[PDB]
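Below you'll find only one chain, the form deposited in one PDB entry, shown as structure tokens.
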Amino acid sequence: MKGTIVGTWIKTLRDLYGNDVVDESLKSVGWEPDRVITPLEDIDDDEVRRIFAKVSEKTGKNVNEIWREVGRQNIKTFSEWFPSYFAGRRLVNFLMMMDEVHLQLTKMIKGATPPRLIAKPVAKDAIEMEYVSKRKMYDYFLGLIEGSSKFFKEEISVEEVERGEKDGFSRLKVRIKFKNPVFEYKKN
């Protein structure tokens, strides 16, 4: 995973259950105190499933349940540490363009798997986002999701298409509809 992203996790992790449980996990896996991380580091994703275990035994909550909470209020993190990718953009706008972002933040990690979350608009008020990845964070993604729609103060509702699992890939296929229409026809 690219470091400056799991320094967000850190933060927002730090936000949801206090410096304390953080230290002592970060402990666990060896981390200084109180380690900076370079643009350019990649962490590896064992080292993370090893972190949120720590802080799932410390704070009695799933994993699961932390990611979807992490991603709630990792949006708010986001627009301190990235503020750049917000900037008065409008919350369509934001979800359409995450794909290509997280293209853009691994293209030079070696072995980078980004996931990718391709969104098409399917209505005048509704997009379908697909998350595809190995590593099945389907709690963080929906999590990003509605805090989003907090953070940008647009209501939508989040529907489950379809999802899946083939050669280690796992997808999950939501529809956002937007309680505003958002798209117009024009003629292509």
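Residue numbers count along the first chain shown, from 1. What changes on going to the form deposited in another entry:
- Checked against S25, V70, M137, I156, the hinge of the rigid-body motion between these two forms corresponds to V70.
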Contents of the next structure:
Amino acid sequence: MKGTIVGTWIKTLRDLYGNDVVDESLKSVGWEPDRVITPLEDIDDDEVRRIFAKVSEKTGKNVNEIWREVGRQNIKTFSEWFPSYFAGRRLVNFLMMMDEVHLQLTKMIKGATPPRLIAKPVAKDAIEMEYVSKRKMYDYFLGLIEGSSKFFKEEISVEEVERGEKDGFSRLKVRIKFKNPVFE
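Rather than the form deposited in one PDB entry that you just supplied, could I have the structure of the form deposited in another entry?
FYI, this one's just the chain on its own, none of its partners or other molecules.
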């Protein structure tokens, strides 16, 4: 992972569970508890994993629900730092453009690998979206979808169609249905 997002995860976790919990968690992996992560710094993925794990044991909160809450909260942050992505759009446009964003974000650092998020209409009021990654950040993905729905103030139902590994890649396909009719 690259530092920019990792740092974002760390701030959010503090915002949610307090500094004590975060710092000791940060200490448990051998980081300085006040570490300053640089945008293009290479942060080991497993190190993040254990930080979240440690937070889970310190709050008694299931680690997958922590990841979902981090996701929910990240949309707000993203809207503040990249408002050009949110302005003049309805939820459906945002979600469908997300794949493009990531493909054109792989430029941020040359080593960045954010997942595919290919979306496609499957009805007048529904789209499929498929998360595809070498990682398995299923709840982070689902959290971000829910947070997008809250931000745009458009209700959705999210139905999970497929989950699991398929040739080297972890995948999660959901069917996203809009209450109000979105397409013609």
